Amino acid sequence: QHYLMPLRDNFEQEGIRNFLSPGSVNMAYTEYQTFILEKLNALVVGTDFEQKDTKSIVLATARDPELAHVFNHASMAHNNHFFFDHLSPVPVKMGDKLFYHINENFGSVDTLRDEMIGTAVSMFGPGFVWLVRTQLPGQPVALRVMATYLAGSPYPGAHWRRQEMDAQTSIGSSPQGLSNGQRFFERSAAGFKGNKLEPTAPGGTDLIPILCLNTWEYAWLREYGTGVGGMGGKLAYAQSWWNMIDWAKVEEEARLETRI
Amino acid sequence: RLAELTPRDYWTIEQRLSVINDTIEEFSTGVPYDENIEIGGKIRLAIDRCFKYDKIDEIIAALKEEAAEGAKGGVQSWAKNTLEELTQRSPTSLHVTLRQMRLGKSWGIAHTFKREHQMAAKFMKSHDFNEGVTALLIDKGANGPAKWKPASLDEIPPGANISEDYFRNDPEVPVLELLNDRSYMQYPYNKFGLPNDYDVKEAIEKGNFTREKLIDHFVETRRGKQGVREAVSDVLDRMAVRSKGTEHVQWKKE
Amino acid sequence: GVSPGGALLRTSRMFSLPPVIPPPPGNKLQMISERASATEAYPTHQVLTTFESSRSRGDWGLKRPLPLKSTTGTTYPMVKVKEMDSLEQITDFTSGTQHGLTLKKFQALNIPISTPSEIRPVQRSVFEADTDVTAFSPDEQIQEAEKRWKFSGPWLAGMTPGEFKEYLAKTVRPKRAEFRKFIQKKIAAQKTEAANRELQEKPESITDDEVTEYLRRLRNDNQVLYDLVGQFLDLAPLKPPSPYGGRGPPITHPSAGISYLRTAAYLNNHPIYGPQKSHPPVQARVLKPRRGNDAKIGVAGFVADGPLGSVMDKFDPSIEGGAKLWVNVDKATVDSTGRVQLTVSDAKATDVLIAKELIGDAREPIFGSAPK
Amino acid sequence: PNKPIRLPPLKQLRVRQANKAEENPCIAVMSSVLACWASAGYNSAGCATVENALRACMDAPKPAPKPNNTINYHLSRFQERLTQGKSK
Amino acid sequence: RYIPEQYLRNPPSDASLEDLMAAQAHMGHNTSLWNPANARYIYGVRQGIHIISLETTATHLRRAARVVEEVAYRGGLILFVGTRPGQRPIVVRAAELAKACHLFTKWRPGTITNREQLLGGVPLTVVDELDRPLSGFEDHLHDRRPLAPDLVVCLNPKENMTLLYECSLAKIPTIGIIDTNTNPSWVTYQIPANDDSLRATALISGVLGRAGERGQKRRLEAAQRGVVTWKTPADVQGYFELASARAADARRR
Amino acid sequence: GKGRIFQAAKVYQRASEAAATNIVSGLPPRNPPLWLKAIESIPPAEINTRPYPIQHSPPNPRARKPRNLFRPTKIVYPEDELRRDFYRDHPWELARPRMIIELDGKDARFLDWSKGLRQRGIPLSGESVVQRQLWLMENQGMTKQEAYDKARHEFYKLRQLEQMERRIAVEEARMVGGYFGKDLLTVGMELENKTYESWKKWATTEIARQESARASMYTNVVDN
RNA sequence: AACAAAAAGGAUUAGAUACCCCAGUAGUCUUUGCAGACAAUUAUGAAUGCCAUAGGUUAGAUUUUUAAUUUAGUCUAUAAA
Ligand SMILES: [K+]
Ligand SMILES: [K+]
Ligand SMILES: [K+]
Ligand SMILES: [Mg+2]
Ligand SMILES: [Mg+2]
Ligand SMILES: [Mg+2]
Ligand SMILES: [Mg+2]
Ligand SMILES: [Mg+2]
Ligand SMILES: [Mg+2]
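Chains as they are written, first to last, in the authors' numbering: chain 44, 43 to 302; chain 88, 255 to 508; chain AA, 6 to 124, 132 to 213, 230 to 269, 288 to 337, 341 to 358, 368 to 430; chain 11, 2 to 89; chain BB, 144 to 396; chain UU, 2 to 225.
These are calculated hints, taken from the structure and not from any lab test. Among the clues, some could well be false.
Within a straight-line C-alpha distance of at most 27 Å, the following computed DSSO-like cross-link-like pairs (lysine-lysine) qualify [claimed, not checked]:
{"no.": "1", "chain 1": "44", "residue 1": "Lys-94", "chain 2": "UU", "residue 2": "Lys-66"}
{"no.": "2", "chain 1": "11", "residue 1": "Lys-4", "chain 2": "AA", "residue 2": "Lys-87"}
{"no.": "3", "chain 1": "UU", "residue 1": "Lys-183", "chain 2": "AA", "residue 2": "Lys-345"}
{"no.": "4", "chain 1": "88", "residue 1": "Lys-479", "chain 2": "UU", "residue 2": "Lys-158"}
{"no.": "5", "chain 1": "UU", "residue 1": "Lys-3", "chain 2": "44", "residue 2": "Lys-81"}
{"no.": "6", "chain 1": "UU", "residue 1": "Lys-151", "chain 2": "AA", "residue 2": "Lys-159"}
{"no.": "7", "chain 1": "BB", "residue 1": "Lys-249", "chain 2": "11", "residue 2": "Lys-89"}
{"no.": "8", "chain 1": "UU", "residue 1": "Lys-3", "chain 2": "AA", "residue 2": "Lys-159"}
{"no.": "9", "chain 1": "AA", "residue 1": "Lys-85", "chain 2": "UU", "residue 2": "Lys-107"}
{"no.": "10", "chain 1": "AA", "residue 1": "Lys-382", "chain 2": "UU", "residue 2": "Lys-202"}
{"no.": "11", "chain 1": "88", "residue 1": "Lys-455", "chain 2": "BB", "residue 2": "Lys-374"}
{"no.": "12", "chain 1": "AA", "residue 1": "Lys-334", "chain 2": "UU", "residue 2": "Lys-201"}
{"no.": "13", "chain 1": "44", "residue 1": "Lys-235", "chain 2": "AA", "residue 2": "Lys-382"}
{"no.": "14", "chain 1": "UU", "residue 1": "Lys-3", "chain 2": "44", "residue 2": "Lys-94"}
{"no.": "15", "chain 1": "UU", "residue 1": "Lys-183", "chain 2": "AA", "residue 2": "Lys-74"}
{"no.": "16", "chain 1": "BB", "residue 1": "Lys-374", "chain 2": "UU", "residue 2": "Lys-38"}
{"no.": "17", "chain 1": "AA", "residue 1": "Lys-323", "chain 2": "AA", "residue 2": "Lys-389"}
{"no.": "18", "chain 1": "11", "residue 1": "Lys-89", "chain 2": "UU", "residue 2": "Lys-3"}
Derived DEER-like restraints, expressed as beta-carbon distance ranges [stated by the list, open to error]:
{"no.": "19", "chain 1": "UU", "residue 1": "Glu-82", "chain 2": "11", "residue 2": "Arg-15", "range": "45 to 55 Å"}
{"no.": "20", "chain 1": "BB", "residue 1": "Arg-152", "chain 2": "44", "residue 2": "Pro-244", "range": "24 to 34 Å"}
{"no.": "21", "chain 1": "UU", "residue 1": "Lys-158", "chain 2": "BB", "residue 2": "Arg-152", "range": "36 to 46 Å"}
{"no.": "22", "chain 1": "AA", "residue 1": "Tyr-319", "chain 2": "44", "residue 2": "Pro-217", "range": "15 to 25 Å"}
{"no.": "23", "chain 1": "AA", "residue 1": "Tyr-319", "chain 2": "44", "residue 2": "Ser-221", "range": "14 to 24 Å"}
{"no.": "24", "chain 1": "88", "residue 1": "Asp-288", "chain 2": "AA", "residue 2": "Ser-38", "range": "50 to 60 Å"}
{"no.": "25", "chain 1": "88", "residue 1": "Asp-288", "chain 2": "AA", "residue 2": "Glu-158", "range": "46 to 56 Å"}
{"no.": "26", "chain 1": "88", "residue 1": "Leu-430", "chain 2": "BB", "residue 2": "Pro-155", "range": "45 to 55 Å"}
{"no.": "27", "chain 1": "AA", "residue 1": "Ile-417", "chain 2": "44", "residue 2": "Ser-221", "range": "13 to 23 Å"}
{"no.": "28", "chain 1": "UU", "residue 1": "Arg-121", "chain 2": "AA", "residue 2": "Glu-140", "range": "29 to 39 Å"}
{"no.": "29", "chain 1": "UU", "residue 1": "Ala-21", "chain 2": "BB", "residue 2": "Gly-253", "range": "23 to 33 Å"}
{"no.": "30", "chain 1": "BB", "residue 1": "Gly-279", "chain 2": "88", "residue 2": "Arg-436", "range": "18 to 28 Å"}
{"no.": "31", "chain 1": "UU", "residue 1": "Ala-214", "chain 2": "11", "residue 2": "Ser-77", "range": "52 to 62 Å"}
Just so it is clear, CB atoms sit at the ideal spot from N, CA and C, and this is done for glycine as well.
My request is simple: use the sequences and hints to build the entire structure.
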């Protein structure tokens, strides 16, 4: 069965300094990751996914419509742990290599800050904001910001559930609305018939998530309160998060090829 | 299967016991997977601290320390239960019993049965035995509990010695004539069970094993005997500490 | 009391395999084919599955590993074992996809199983606490005996003249002495109801001759006696003097364990079109056209009667892959013979276009290029 | 009605002719020609068509034989498992 | 909790009742295809087959492991034999652990009773207590009778009785997996178990492979201390005698 | 007796006797085989002896001359009667694939049927209802029917949530830009199309045989 | 009526009593006696106690009558022998 694993630096015991109280991280990871794994176990208790890993269940249950409920619990457990696994007990100084690509791609580290934080609030819904690394066979490494919805995964092997654009406020009769609507059916029709829209490289090496931001309410509603009056809330939660990012590890997983 | 084992006349008793030991270990279906060592760890450590004296008064005094609140032993529930038992046992039997446990350690096996025959003779004449048996077995608990010669251990003053009377031979009782003249100070073949402190100690004082390597030394030496890993692990939890760090492990005594 | 080896085998997985249940009952006096046999109404053997790492090795938890040619390659690993070891020293097995995938295709319809109705359509679930009950008390009266679905006695109308004689000779004949006692217990209620109704202004319950006379009195009214005889032998109701006593009680649970939904009263919220009026349509295949003047359609692997309304009238060899028709499954029920019968109805026009739009088959998409 | 018996031990379980020894496809055409001569006569004109069909037989090539049937190989694998044994 | 490649990558030293039941070692043949002689190991009947008692399989397996360990401890030559299709990786792995020989193809009738014909040109070598090749036996290795195994572990006795009968004639002890239809008189040490499962055959074989490995370790450890657990075979023993005779002949001359 | 004389159980006795003395009388015996001392103290086990097998069911007491005394008996448990009842009321429960392949044989260590139908390591199946029923029917003293209804109703409410979650899980995924592949309803129909065509070709090619052989039945070859 | 030793005729054949053919009387059938010989065979007298399985089949019995269990027959193929 799938069991809960400890956190990075005993966050469950002490928690982050000025980002999450030990009681909040307890309700956010222990009392929730355990709840998700209990449901995940019941769904794979007697199937081939019984001994498979979370990410393996994600890629294997991405397109199958009869396993969408299994994808949620598997993808949620993977995304949730991916969030806490990149937090540092003490602020870290951004490396030189990473500090270069961020400025070359987004213009400035402060610009990337507002883009991710701005996307978290602009999304108005529980999800995850990713910092993806895209590198086509001919093009160089390029960093962008991808925002997934409730349990969507950023990996290319699970593009079937790359839930990054709501349909209730993005598909309409307006000029931009019709464009989104066309792309909607173009994906559903292409995916259904098996055709691929964007050619990808083998092994899903195109997109490599490096950083994540969990915007679900169970992670900040208790600590930063609702947010009425401009104090705390989902806004301050995203701001304080930006200070505890493990830029040392973020740069590592990025694997920015040295060319300077 | 034991009936099929046909030894050779020229095999020593050691070889014969080795053939039977290996035959009994084939029919083992494993020990319980959840049942843990009862007398082990905290309780086992408490027994070594409370039952190391030569006076039942001091033993009970030590138990009260364990049952007291805040005792670092952590066996409050156990110490309280043992106390409620000793109070019911015959106070004379406790003195006589605790006395033979300290003397029997230096007696021979043949000399032991002869002394006990004299001791048992004194109990037939005593009052506690006839009362305890008549009150518990013949009456089946009726007529209330037993009534020993002293109502409790507090009646026996410190200077009293109610044991020597039982360890003195009686000329009216002829010496016990045994069926043979064999004897020994320690069992010649009593190492077919699980490894105990004596075995683990010898292996440590002889070799220079480590924490995990030492456990495999017995799991291999006993050829996968069920319970060796749990037993050897427990012995080290009590009588072994990293005197040399993670490199090796030695005893806690010194 | 049992050795540790016998204790493990009991809770083992292979020991938990269910026994092979008898096949779905058919016409007893009708002829059949014994050499060849097609898919059955409902499954009789358990479908088995393995891990993908084990299937490549042929290990299915059975006595021996199965051949790879006939068990590898497909998507859904499913197998039915008839004998774990036959007289040929082989595991007589077959594919279990004919029923394993028929269950998944049916549950894809997202429809419950309702109680059979008579012809004001009122679809009532079969899992209701008042109807779905099998444990009854001896005090259980007759008015509440119609709600049950599992009876101990047989359905007299369904038995053959031979099975009925064997029943009368070996089941009801040796129960005369017991039935007389059953009357005495009623007399205890007959002499106390009139003897205890005025106290607020038990009887001896053991008689020999009074019973003989009470039964004679019932000869003028045969209905009150049948209700008393059926209640003793636990016979399923036959006529109204209600719970669909036409074809008899079901030989299985009214749902048959194929679906556990309790209602279809819900709306499908479309991403762009909001809630829908009816459930999405399902494409069906035409079998045995009218030109018997009745047509048969295959919906989700089950055979049902065509909608009450061409393609369903005359065969057309020109159509590729046969004739197909979009329909909507209105009601699903389980008859007394264990079959699953669907009341299919023709699907609307706009709905078939909405369904085809997602999968990318709609010619004129309702979105974007739909000015009117 | 009883079920098929279990064969006793045989020296070998096999079918004599594994492949169907089909008949020359034209021996049937000749019979038709010989049938007309009996009813319509020899030098008649009605049989002028069947004769052309008969002449068309031998001018066409003989179909090649089919590959051997492996039935006997599989019968020899399951003999002991399907019968009461194998005779020596 | 389970990986198909576990019985090969890391076989267990001892098999428990749960390991044997999970490996399907208790599933005998159809009740009709049974050798009534081996009704002593059958626990009951279920699913139309005979169930082999799990306690019986465990006891007999621990006994065979002792035999394999002692033969390897005394410097004996062992031979693991599994001929069924999917038994090659199992037998080769077991022989590797025990430093033994393997056989995964059809046994050639006469390789023991007629070893001069079948094993005439196969090369041998002479080694000491530390398995070090000894020099000076060139004349012996050329005029010598080929070797026969000191122990044979057969994973499917029912399919090769020619091998087991030659071991009976040559007075060679044998270990076999005796299924419900196999004759238990064909081997010296029986292991009642399902021989048709590659999961049960890998466990039994892996357990016997660990036994041989554990026996070879003790033999080579005693050698480092200068204690040889075996004596020179009679074949090589005679060579020493006539060898000194040739030296004794030249002693005078 | 076609069988051969197997003396595998007497290899040690035969080998030890041949090694006792030397064939060249007057000399000490050579060294014995290396395996002789290995199994010196491990004799074979008794074989071919027919014992009284374990009686899993009480033997017939009325029998005066019982046969098949040395025949193993059938293993039957109180759950066999219960499994047959459930799976006969829920035949389509057999269509749910179940993995009888064992992992480590330690499934029964985490099964406490006093809690409910959902246990550790095993899936929610008809077996859970039988084990839960048996527990109620033995501990809480319920009857076969009463314990059946209770464990049976708990089993339905769990199955309903499983089916309701598939539909809702797919419906919400599309509300946020989630698309899926083909479903069984579509895949199942395409396979029928490809198979229906094969039948059409066979029928079209098989009907030509009858109409041709039928018309040619008459000997109209005269062409009058 | 039919069949058919015998008797007789026609053929075949080196010859043909014969095998084949055209015909044909005892006899076969009925009732009453005589007769007592048979490959009257399972080339195996009758009977009793006992010894391991498997697959069919015949007449019942029991059962959760599906199919199992069992009593008495009969046959096939084997184990120990
Ligand atoms: K005639
Ligand atoms: K003549
Ligand atoms: K018979
Ligand atoms: Mg076998
Ligand atoms: Mg006559
Ligand atoms: Mg006479
Ligand atoms: Mg006769
Ligand atoms: Mg006679
Ligand atoms: Mg007859």
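Hints, one by one, checked against the model:
This hinted pair does not check out: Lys-94 (chain 44) and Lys-66 (chain UU) have alpha carbons roughly 59 Å apart, beyond 27 Å. For the proposed pair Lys-4 (chain 11) and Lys-87 (chain AA), the alpha carbon gap of about 19 Å is at most 27 Å, so the pair holds. The straight-line distance between the Cα atoms of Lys-183 (chain UU) and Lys-345 (chain AA) is roughly 26 Å, inside the 27 Å bound, and the hint therefore holds. At most 27 Å may separate the alpha-carbon atoms for a hinted pair to count; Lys-479 (chain 88) and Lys-158 (chain UU) exceed this at roughly 48 Å.
At most 27 Å may separate the alpha-carbon atoms for a hinted pair to count; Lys-3 (chain UU) and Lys-81 (chain 44) exceed this at roughly 64 Å. Annotation: proposed proximity of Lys-151 (chain UU) to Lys-159 (chain AA) holds, straight-line Cα distance about 17 Å (limit 27 Å). Taken as a hint, the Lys-249 (chain BB) and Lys-89 (chain 11) pair is honoured in the structure, with Cα atoms around 22 Å apart against an allowance of 27 Å. Annotation: proposed proximity of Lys-3 (chain UU) to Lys-159 (chain AA) is violated, straight-line Cα distance about 69 Å (limit 27 Å).
With a CA separation close to 25 Å, the supplied pair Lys-85 (chain AA) and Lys-107 (chain UU) stays within the 27 Å bound. Note on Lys-382 (chain AA) and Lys-202 (chain UU): the hinted pairing holds, with a Cα-Cα distance of about 19 Å set against a maximum of 27 Å. Only pairs whose Cα atoms come within 27 Å are accepted, and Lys-455 (chain 88) paired with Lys-374 (chain BB) is rejected, the gap being roughly 36 Å. Distance hint between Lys-334 (chain AA) and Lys-201 (chain UU) is fulfilled; the C-alpha atoms sit about 14 Å from each other, no more than 27 Å.
With a C-alpha separation of about 20 Å, the suggested pair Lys-235 (chain 44) and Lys-382 (chain AA) falls inside the 27 Å cut-off, and the hint holds. The straight-line distance between the Cα atoms of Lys-3 (chain UU) and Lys-94 (chain 44) is roughly 55 Å, outside the 27 Å bound, and the hint therefore fails. Restraint check for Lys-183 (chain UU) and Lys-74 (chain AA): satisfied, since their Cα atoms lie roughly 26 Å apart, inside the 27 Å limit. For a cut-off of 27 Å, the pair hint linking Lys-374 (chain BB) to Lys-38 (chain UU) stands: about 11 Å separates their Cα positions.
A hinted pair counts as satisfied when its Cα atoms are at most 27 Å apart, and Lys-323 (chain AA) with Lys-389 (chain AA) qualifies at roughly 16 Å. A threshold of 27 Å between alpha carbons decides the hint, and for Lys-89 (chain 11) with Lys-3 (chain UU) the separation of about 11 Å falls inside it, so the pair holds. Hint check: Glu-82 (chain UU) to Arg-15 (chain 11), Cβ distance near 48 Å, so the stated range 45 to 55 Å holds. Taking 24 to 34 Å as the suggested C-beta distance range, the pair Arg-152 (chain BB) and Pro-244 (chain 44) conforms, at roughly 28 Å.
Checked against the given bound of 36 to 46 Å, the beta carbons of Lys-158 (chain UU) and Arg-152 (chain BB), roughly 44 Å apart, stay inside it. Here the CB-CB span from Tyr-319 (chain AA) to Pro-217 (chain 44) is close to 20 Å, well matched to the stated 15 to 25 Å. Roughly 18 Å separates the CB atoms of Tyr-319 (chain AA) and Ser-221 (chain 44), a value that falls within the hinted 14 to 24 Å. Separated by about 57 Å at the C-beta atoms, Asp-288 (chain 88) and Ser-38 (chain AA) satisfy the suggested range of 50 to 60 Å.
For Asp-288 (chain 88) and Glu-158 (chain AA), the hinted distance range of 46 to 56 Å is satisfied, since their beta carbons lie about 51 Å from each other. Our hint of 45 to 55 Å for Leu-430 (chain 88) and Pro-155 (chain BB) holds, since their Cβ atoms are close to 53 Å apart. Checked against the hint of 13 to 23 Å, the C-beta distance between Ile-417 (chain AA) and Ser-221 (chain 44) comes to roughly 21 Å, which is consistent with it. For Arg-121 (chain UU) and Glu-140 (chain AA), the hinted distance range of 29 to 39 Å is satisfied, since their beta carbons lie about 32 Å from each other.
The beta-carbon spacing between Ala-21 (chain UU) and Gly-253 (chain BB), approximately 29 Å, falls within the hinted interval of 23 to 33 Å. With their beta carbons about 55 Å apart, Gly-279 (chain BB) and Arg-436 (chain 88) fall outside the hinted range of 18 to 28 Å. Our hint of 52 to 62 Å for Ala-214 (chain UU) and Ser-77 (chain 11) is violated, since their Cβ atoms are close to 37 Å apart.
When held up to the earlier numbered hints, the structure conflicts with 1, 4, 5, 8, 11, 14, 30, 31 and fits the remainder.
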